[PDB]
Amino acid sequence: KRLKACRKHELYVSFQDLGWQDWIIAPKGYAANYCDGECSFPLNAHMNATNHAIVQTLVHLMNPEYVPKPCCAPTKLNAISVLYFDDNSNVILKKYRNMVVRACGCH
C-alpha cells in the first residue's frame, strides 16, 4: 500500500522542452505532475476509492483475464494561466483548467 501504491508523482514541464518557448511569454514552465502506481488491496482511505473501483479490484482478482485492474487517475487538479503571442502577434492571457494534478486515486 504505501510504497508501490497509486499516488501523485512530481513532474515539472517546461515549454522549452515542448518546443513552445518562442511564443510563450509567461510562465516558462510549471509543476504538472502525474499519477502512477498499483491499484490493488489494500486501498488506502486517503484516495477515496468509489464503490465501483472496489468491485472492479475484487472481480479482477477472481477473473484476472477478463477484467483489468482499475487505473490510477487524478482526483483533484488546479487550473493555470498562460500569457502568449498568437500567430497575429496579439498578446493573450488564457486560463487553462485541469493542468496541475494535486491528488491521485484508483478509478
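So that the term is clear: the rigid core is the largest set of C-alpha atoms that superpose within 1.5 Å between two forms. Only residues modelled in both forms are compared. Residue numbers count along the first chain shown, from 1. Compared with the form deposited in another entry:
- Just a single entry of 62, 79, 55, 45 exceeds or equals a 2 Å CA shift between the two forms, which is 45 (rigid core superposed).
- A movement of the C-alpha atom of residue 17 reaching 2 angstroms or beyond is seen between the two forms when the two forms are aligned on their rigid core.
- Residue 98: CA moves less than 2 Å between the two forms after rigid-core fitting.
- Every Cα shifting by 2 Å or more, across three or more consecutive residues, marks a moved region; comparing between the two forms on the rigid core, these regions are 16 to 20, 42 to 48, 85 to 92.
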The other form holds:
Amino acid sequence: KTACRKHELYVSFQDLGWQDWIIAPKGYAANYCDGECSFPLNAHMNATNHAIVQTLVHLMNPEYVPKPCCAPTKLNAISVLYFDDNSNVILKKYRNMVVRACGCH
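Output the structure of the form deposited in another entry; the preceding block shows the form deposited in one PDB entry.
Keep in mind that what follows is only the chain, not its partners or any molecules around it.
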C-alpha cells in the first residue's frame, strides 16, 4: 500500500556537524513518516477520532480542509558516545530521535 507508514532513513551525524566529536555511532536510522491518510482509519490504531472527522470534512470540501497528515505515533531514543574538549568521554541519550511507528492525525 501507499498509505501512511514508517519509511526507513539513515542519517549520518555529519549532517548535524557532530562527526568531529562523536565516537559512535557515526549515524543512525532516523526513518520518517509518509503516505496518504484516508479511509480505512482506526481510532484505536493508526488514527484519532479527529483524523476521521477531518478526512470526512475533507472529502466534501477538498478546497478548504486538507487530509490529516502522516506523523509519528512512536519515537525511540538513541544514545551517543562523544567527547568534549577536555577529552571527557560522555554518553548522552537523545529522546524522540527514531521513528518506530506512524499514523494519521
